[PDB]
Amino acid sequence: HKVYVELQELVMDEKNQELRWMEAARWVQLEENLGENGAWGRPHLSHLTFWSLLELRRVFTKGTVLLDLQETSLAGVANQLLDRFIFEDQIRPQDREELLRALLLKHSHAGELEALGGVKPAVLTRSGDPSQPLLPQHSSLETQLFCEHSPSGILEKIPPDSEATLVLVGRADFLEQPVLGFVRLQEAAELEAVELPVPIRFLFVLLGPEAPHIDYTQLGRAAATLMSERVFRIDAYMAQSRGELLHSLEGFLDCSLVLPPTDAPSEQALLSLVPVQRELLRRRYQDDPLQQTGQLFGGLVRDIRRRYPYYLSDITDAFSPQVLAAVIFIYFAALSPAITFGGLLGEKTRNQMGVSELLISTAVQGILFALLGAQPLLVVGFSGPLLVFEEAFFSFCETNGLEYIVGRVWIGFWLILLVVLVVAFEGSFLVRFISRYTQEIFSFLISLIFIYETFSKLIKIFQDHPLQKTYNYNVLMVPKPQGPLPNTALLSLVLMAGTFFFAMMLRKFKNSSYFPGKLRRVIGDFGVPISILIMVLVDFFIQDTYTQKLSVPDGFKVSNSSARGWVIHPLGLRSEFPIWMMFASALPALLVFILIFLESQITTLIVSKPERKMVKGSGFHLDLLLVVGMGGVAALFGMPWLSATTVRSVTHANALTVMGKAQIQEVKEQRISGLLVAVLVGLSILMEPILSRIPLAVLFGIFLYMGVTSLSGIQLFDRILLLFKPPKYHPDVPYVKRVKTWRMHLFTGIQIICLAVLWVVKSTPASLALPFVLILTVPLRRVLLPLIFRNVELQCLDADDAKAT
Amino acid sequence: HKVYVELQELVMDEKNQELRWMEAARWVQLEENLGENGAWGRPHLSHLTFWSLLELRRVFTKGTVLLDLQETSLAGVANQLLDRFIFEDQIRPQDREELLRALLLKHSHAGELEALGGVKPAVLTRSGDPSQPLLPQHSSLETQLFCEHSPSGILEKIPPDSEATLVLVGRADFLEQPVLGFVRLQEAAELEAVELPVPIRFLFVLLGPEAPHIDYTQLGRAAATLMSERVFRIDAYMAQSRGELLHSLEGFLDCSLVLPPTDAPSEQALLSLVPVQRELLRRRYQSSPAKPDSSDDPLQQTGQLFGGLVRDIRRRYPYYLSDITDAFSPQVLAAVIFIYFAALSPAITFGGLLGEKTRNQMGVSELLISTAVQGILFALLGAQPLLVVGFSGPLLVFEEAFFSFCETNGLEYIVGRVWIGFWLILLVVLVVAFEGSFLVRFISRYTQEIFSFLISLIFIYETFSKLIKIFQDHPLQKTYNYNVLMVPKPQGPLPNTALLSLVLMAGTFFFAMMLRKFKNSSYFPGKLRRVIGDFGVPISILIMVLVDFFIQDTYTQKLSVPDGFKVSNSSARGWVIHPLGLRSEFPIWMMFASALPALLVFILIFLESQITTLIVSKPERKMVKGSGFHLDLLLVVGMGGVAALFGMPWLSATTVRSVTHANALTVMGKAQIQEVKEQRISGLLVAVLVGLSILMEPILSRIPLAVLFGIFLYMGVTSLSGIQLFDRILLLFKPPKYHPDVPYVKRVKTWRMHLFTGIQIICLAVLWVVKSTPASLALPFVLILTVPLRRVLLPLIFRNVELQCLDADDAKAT
Ligand SMILES: *[C@@H]1O[C@H](CO)[C@@H](O)[C@H](O)[C@H]1NC(C)=O
Ligand SMILES: *[C@@H]1O[C@H](CO)[C@@H](O)[C@H](O)[C@H]1NC(C)=O
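Residue numbers (full-length UniProt numbering), protein chains in the order written: chain A, 55 to 202, 211 to 348, 369 to 743, 751 to 894; chain B, 55 to 202, 211 to 357, 369 to 743, 751 to 894.
Calculated directly from the structure, the hints in this document are not laboratory data.
Heads up, some of the hints might be wrong.
[What the hints assert, rightly or not] Partial selection, computed: residues in chain A whose CB lies under 8 angstroms from chain B:
id	residue
1	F104
2	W105
3	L321
4	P323
5	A326
6	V338
7	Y413
8	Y555
9	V557
Every residue, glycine too, gets a C-beta built ideally from N, C-alpha and C.
I would like the entire structure built from these sequences, with the hints used as guidance.
Rendered as structure tokens:
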């Protein structure tokens with residue numbers, strides 16, 4: 055049982071001359087004292103003096119014990135203890151009345167102190183009238199050094223199941239020698255006289271006359287420090303006589319160490335004691371998500387059985403407001419690039435595919451993926467390399483003289499067959515070979531390209547509206563701003579920078595210590611929507627300046643209703659389809675499959691790494707099947723296929739993270762967020778008045794915030810930051826100590842060279858040959874580096890787990 | 055001050071069973087042990103045990119003591135000690151003949167260990183033959199911790223002239239109770255037991271049989287630790303009987319700290335006993351003749378005329394060569410380049426405002442020349458060369474009022490300022506004569522903090538007001554006119570001015586803050602890192618000036634200075650003003666009544682300058698060389714008067730400029753304020769540049785006015801760091817769980833700190849409201865009325881310890 059110790063002593067108040075027991079310390083966790091004003095001091099360890107322990111041993115060697123006493127009140131305990139004192143000739147038969155009357159006085163506490171006008175220690179007297187002691191009345195040292211919402215707090219520190227201990231110290235003049243009385247009850251009782259939070263089990267009584275080298279407050283502190291150690295209170299629970307208590311006291315005195323008066327500095331002399339005290343105390347107490375299975379379709383069933391038992395938890399975990407904030411954030415984060423790519427694809431293919439098709443496809447592939455998905459934190463959507471492939475395929479069909487929207491149907495069919503074949507043979511276990519190398523390179527490149535595109539958009543805005551001395555004002559701005567405008571470029575820059583600054587400031591305030599934790603975290607989790615609202619209001623207040631806004635199609639209509647319909651006839655739309663193209667459409671399908679598979683699986687690897695404390699399981703085969711099948715079915719209806727997005731998924735996962743004081754505690758995983766985001770993206774056509782007032786330049790700040798925030802966990806980025814610091818300030822990670830510095834720098838340089846080569850290939854019109862080089866990084870890590878480095882260096886640098894290396 | 059102590063035990067040699075003395079520990083202010091190997095562990099402090107101290111006290115309370123014994127060899131000492139044992143019924147007469155042959159034996163040091171083969175604990179018996187101990191033994195603690211070069215350091219640490227002690231322990235079965243012998247030789251002499259050439263003065267001899275709770279190694283260590291302490295050594299060097307040694311032992315045990323075993327020991331709670339140890343140390347030294355080894370006023374009333382002036386001269390001027398020499402760092406150049414703009418911009422603004430206010434009687438050129446001259450002179454002959462003199466706002470308000478008064482009464486304006494200067498001169502001479510600057514002592518930290526906070530807040534407010542003015546001049550419209558003539562000034566709104574100005578200001582502020590934060594990082598080599606971080610403001614200024622210079626078609630307001638060293642209004646003014654009358658003769662009644670505004674100007678200047686000198690030269694900001702008050706006040710006021718003679722305005726020390734200057738010349742530690757660079761070259765160079773600014777028209781005409789607003793915001797935000805009311809205001813929002821560990825948090829309850837902060841904020845608000853009232857010139861009076869508020873009203877609400885802890889005059893000591 056845990057213990058709660060309380061020390062009380064006989065005192066007299068100056069208001070009225072009446073004795074009473076008042077408390078003066080406590081030993082819940084660390085000792086605390088009671089000042090003169092009536093407020094408790096500061097907690098601290100319990101340091102004793104030499105004479106205190108000496109006299110404690112001396113008076114305990116011949117003390118009086120009452121073990122397994124059967125009483126339930128303080129009066130019975132007091133009477134039995136006085137009877138036991140009388141039995142062993144510790145006090146005289148005529149000293150019993152005064153002692154019993156003194157032990158049964160009222161026990162005050164810290165609260166009543168102010169109502170008394172102060173208290174001072176007192177001594178019992180035969181006539182019953184107190185007097186002032188004939189001994190130096192200097193205040194204690196602990197009072198001098200530690201004294202000159212609390213009840214609930216002390217209730218919280220006291221353990222749930224714990225028993226109380228009461229120590230009574232007092233001075234009486236009619237005695238002849240110090241007397242000790244130790245009592246243990248048969249069962250914990252709540253004594254009415256003396257009040258404590260928990261019920262009393264043990265009881266100390268310390269009385270005696272004035273003697274040299276005896277300070278009774280220090281004797282009480284020594285007894286309470288005895289009663290606060292684990293081993294002594296265990297031995298006090300089991301003991302049945304006094305000899306066992308004496309043996310425990312000898313063991314207690316064996317494992318104490320003295321610190322003499324040393325002239326050394328305080329902190330050094332007090333910190334030199336840690337190993338010695340440690341030694342003395344030691345002397346005192348003497369499955370896989372990816373795996374090859376011997377069954378057809380094994381991975382699919384394995385992932386189903388792993389994930390679907392968590393469906394009710396996935397539904398329920400969505401009741402926090404942080405989920406709503408994450409929804410509002412990712413809605414814009416996924417809508418803006420959707421609109422941009424929609425406009426580009428509409429202007430690229432003569433409006434064969436536009437914004438509405440992309441929006442509908444995004445909505446459907448979000449709803450279905452959120453309902454039937456294994457990891458509902460992914461965000462599916464169109465990408466850039468996919469746009470490049472669409473460009474190339476449209477150019478190819480324009481050159482050879484075939485249709486375009488029809489061939490995509492056969493490409494989707496080939497995709498369906500290939501994904502069925504791949505899922506049948508569980509060929510996703512190859513994800514095991516993708517190490518941290520490729521994940522880090524991919525994420526770094528993606529974030530860097532994101533930031534680059536944002537800055538490119540800004541520079542385009544500056545190029546469209548230059549800084550001139552005069553402008554024309556009979557300009558028609560109905561379709562699009564023709565010619566430069568006075569204040570657009572700078573208002574756009576101001577709004578973007580302001581949004582970025584507010585987002586960063588709120589992100590830092592979230593982790594600060596300025597408000598109550600609940601409201602602070604609630605406000606910090608809604609940082610991005612608050613900043614967006616602020617900047618939207620700021621733009622709404624400005625009247626005369628023009629700024630580009632968000633615009634969506636008018637209704638659920640096809641982009642070009644001249645040549646297209648809601649359903650596409652596979653045999654031929656206007657002219658019949660050749661046979662050789664039907665059979666050769668497999669060639670672009672394989673490349674699209676490689677792209678989709680690699681991107682989706684690498685995204686699932688980055689999001690779902692073992693380091694990010696993901697309790698519920700994540701599925702690979704199921705996500706691939708869903709994504710590719712829905713992409714094919716949407717290509718059937720003429721809508722585009724989509725894929726999992728890196729920045730959007732990483733931002734989604736990072737938004738739903740509750741962090742500890751920083752420590753990553755938990756990630757809120759649920760299916761409601763994705764469903765709501767998809768429903769809003771679908772219904773976006775019914776929210777014209779609200780979206781038509783959101784300027785396009787505000788979302789650039791959000792894009793910069795996402796690109797900067799997604800860059801934190803990357804380790805190549807950390808090693809790049811370490812490229813500048815001198816080796817004196819390098820961190821305490823294993824890859825610093827195990828390998829020399831100028832080898833780590835060579836590693837980082839090799840990886841940066843790989844980045845640069847990937848970038849150069851990305852700028853080359855042979856961009857579609859981007860995936861191959863990427864997978865060619867896998868042999869590089871498997872073969873070439875072990876020809877340069879050593880095995881321990883390579884295991885320590887490219888570690889799959891952070892904690893274990 | 056330090057001695058040598060040696061502990062030797064009675065052990066057996068492993069090769070062939072025999073008895074001999076072997077040393078086990080040595081003490082030179084620190085304990086060093088040796089293990090079975092024969093090599094001493096690393097030195098450390100000594101930590102005794104409870105049982106050792108208990109048995110040492112018990113055996114010492116009745117142990118025999120021989121003081122001032124006149125013997126030189128170990129045999130005559132053992133003889134006298136055994137005889138004294140015999141006399142006091144300690145040992146039987148049939149025991150001496152054995153103990154003697156036990157004591158007069160070969161002593162072997164550590165060097166002979168390997169040649170011997172190791173040693174073991176041994177127990178003497180009645181016959182004279184060795185034997186094994188009966189009770190079980192255990193591995194020693196200190197030899198297990200520290201044992202698992212030294213002779214050089216040992217022979218180094220012992221002072222050249224010092225005495226040593228010698229402790230001999232060993233067990234004997236034919237004894238009844240433990241015995242202790244303590245002998246102090248009358249004149250220290252060489253002894254065959256110690257190989258070190260140090261002479262011996264004290265000797266402990268501890269004998270007895272085996273018993274529980276008695277470890278003779280630990281008891282010898284306890285005795286040695288008692289002799290190593292200084293108080294017990296001084297007492298033993300002068301004690302004449304056993305009572306004094308007993309008293310010293312009781313004192314040593316009284317001031318000791320024993321700590322019992324615990325369940326979960328931690329290095330954080332064990333550090334909560336630090337003050338206790340200090341108090342115990344103090345109490346130990348309280349009654350000791352020994353002392354522990356590790357444990369003029371700038372303002373003052375002097376009985377002579379002009380005492381303060383001579384005191385300040387004698388204090389400061391001996392440092393003149395160091396003040397000249399300390400300027401060879403590049404940080405001085407960076408501070409010069411920063412403060413040049415920081416002082417030039419408000420000078421130009423206030424000059425233009427005063428020129429348009431008084432119909433160009435006084436303008437920009439007069440202000441520039443006056444600033445230059447009073448800066449050169451103050452840097453050359455000043456006591457505190459970190460102040461920046463210049464025009465202020467309240468001075469502008471007073472100039473407005475005086476111009477209005479002279480307009481109303483029908484008198485001239487530039488002439489009355491001459492008589493005001495004369496009255497100022499006489500008053501400052503009278504004040505310096507009677508050393509009346511000691512009153513600066515009564516102004517506590519309260520008023521200093523309020524003043525600095527208000528100044529910084531007003532600065533930021535004026536900056537934002539300038540920005541809002543820029544926005545008001547060029548609103549955001551749909552169409553503008555382009556046949557606008559901008560020769561005198563841009564008439565009507567312009568398309569892109571307001572946003573380019575805001576962008577430049579924000580960019581400069583952002584870059585300055587980023588470089589200030591990069592200065593403290595650990596990203597580049599320290600030398601280049603600190604050099605780049607120290608030049609943050611000039612680098613940002615150059616970057617933003619170039620950025621604005623590259624943009625061609627957009628208009629932004631630039632810096633403009635007068636064409637030449639000419640007077641503002643050459644119609645009614647001259648370089649020298651005739652005192653009798655410029656156009657009409659001056660009345661007599663006005664000559665005698667011009668004293669009334671002079672007293673107010675004197676009060677303003679004195680208060681501002683002295684509070685500024687307090688803020689700059691507080692003891693907390695590691696200011697080594699002394700700072701003078703009377704001399705600086707005299708210099709400032711005299712140059713202000715002499716400039717009013719020449720028609721130029723009078724100036725005063727500026728708060729924000731001086732604090733920024735002082736903060737720029739500060740070398741900070743990785751934080752700890754390592755040092756501050758104090759020199760006289762920076763101020764003189766700044767003054768010379770401000771004076772020559774008229775010769776840099778092509779360079780200054782290309783610096784946009786909106787870039788300096790970012791610098792103004794940077795100075796106002798940076799100058800807000802050291803304020804303590806600001807810290808307590810930040811603490812107004814945090815919950816009491818995250819409050820820092822400063823004394824004013826722990827000593828007082830929370831809602832009292834909050835009441836204090838609320839009162840001070842109310843005072844701030846009242847100051848602001850009176851500042852906005854057209855009765856602004858009554859702002860200084862109210863300010864000094866804050867001094868009685870702290871002296872009378874607060875002691876009616878708080879208590880003395882609370883008031884001393886909150887309004888602390890020193891930061892570190894509270
Ligand atoms: C829609 O498609 C037809 C098909 O010939 C084309 O002529 C027309 O330009 C398209 N509309 C656009 C591109 O807006
Ligand atoms: C100079 O002063 C005279 C008389 O005070 C005034 O008429 C003239 O306008 C002033 N010149 C300025 C303000 O440029």
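For each hint, the structure was consulted:
1. Because the smallest distance between the Cβ of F104/A and any Cβ of chain B comes to about 5 angstroms, under 8 angstroms, the interface hint for this residue holds.
2. Because the closest C-beta pair between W105/A and chain B is about 7 angstroms apart, less than 8 angstroms, the hint holds.
3. Annotation: interface hint on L321/A holds; nearest CB of chain B at approximately 5 angstroms, less than 8 angstroms.
4. The beta carbon of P323/A is positioned within 8 angstroms of a beta carbon in chain B (closest approach about 4 angstroms), and the interface hint is therefore held.
5. For the restraint placing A326/A at the interface with chain B, the shortest Cβ-Cβ distance is roughly 6 angstroms, inside the 8 angstroms limit, so the hint holds.
6. Interface hint at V338/A: satisfied, since its Cβ lies 6 angstroms from the closest Cβ of chain B, which is below the 8 angstroms cut-off.
7. Below 8 angstroms, beta-carbon pairs count as interface contacts, and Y413/A has none with chain B, the closest being about 30 angstroms; its hint is therefore violated.
8. About 5 angstroms separates the beta-carbon of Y555/A from the nearest beta-carbon of chain B, less than 8 angstroms, and the hint is met.
9. About 10 angstroms separates the beta-carbon of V557/A from the nearest beta-carbon of chain B, more than 8 angstroms, and the hint is not met.
Checked against the numbered hints above, the structure breaks hints 7 and 9 and satisfies the rest.
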